[PDB]
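In structure tokens, one chain follows: the form solved without the named molecule.
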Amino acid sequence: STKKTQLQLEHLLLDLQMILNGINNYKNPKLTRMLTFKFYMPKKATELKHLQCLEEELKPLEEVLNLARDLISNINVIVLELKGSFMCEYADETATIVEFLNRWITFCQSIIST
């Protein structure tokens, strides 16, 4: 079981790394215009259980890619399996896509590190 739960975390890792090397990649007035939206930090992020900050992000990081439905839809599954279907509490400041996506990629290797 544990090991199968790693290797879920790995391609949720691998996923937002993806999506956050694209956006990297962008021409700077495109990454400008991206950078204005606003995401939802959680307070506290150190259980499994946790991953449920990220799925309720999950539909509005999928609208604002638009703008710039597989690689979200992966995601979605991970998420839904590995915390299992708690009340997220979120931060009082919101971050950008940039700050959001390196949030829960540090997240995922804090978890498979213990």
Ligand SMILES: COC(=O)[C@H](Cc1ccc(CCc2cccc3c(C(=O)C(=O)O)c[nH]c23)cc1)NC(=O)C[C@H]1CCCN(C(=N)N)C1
Second form
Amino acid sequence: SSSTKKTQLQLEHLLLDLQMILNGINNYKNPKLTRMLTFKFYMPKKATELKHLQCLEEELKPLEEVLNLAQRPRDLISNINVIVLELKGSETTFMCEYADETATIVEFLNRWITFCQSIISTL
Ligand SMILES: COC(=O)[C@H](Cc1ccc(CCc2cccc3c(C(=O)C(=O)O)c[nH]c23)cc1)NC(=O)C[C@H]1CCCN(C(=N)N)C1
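What's the form solved in complex with the named molecule like, now that we've got the form solved without the named molecule?
Full complex below, order starting with the chain above.
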């Protein structure tokens, strides 16, 4: 249907934005890179369903913060939040469970990229 296709395009969009941020990291210089890798992100214990996207939404602020230091990020992140809101909706009440171990921005982006590919595959 067109409802599922709309969802699929939204996920492809979110995945692409995440991948673009990740690719940007390849160009950051050394002093800069080292500092940024010590900024920690919180990871979802389980992220296999759209509702789990709240675990990404709550981490968008810290994401914006680090992206501003390493440089518009305000616009990009806002756009990602819009996609996330569209995908999980605001009707479902789910509370995010985070793992104990925090992670670098690289692992954080990789995990959400995998999440996006995982949902896309089930469609
Ligand atoms: C207790 O706090 C900590 O140990 C660290 C501290 C910290 C570590 C690193 C940084 C920054 C970053 C940075 C990024 C990009 C470029 C640069 C930079 C340069 O450009 C340069 O001068 O070369 C200097 N510093 C930079 C800012 C804060 N902060 C974090 O780990 C951030 C999390 C803290 C809790 C809430 N957070 C969350 N994910 N929910 C974020």
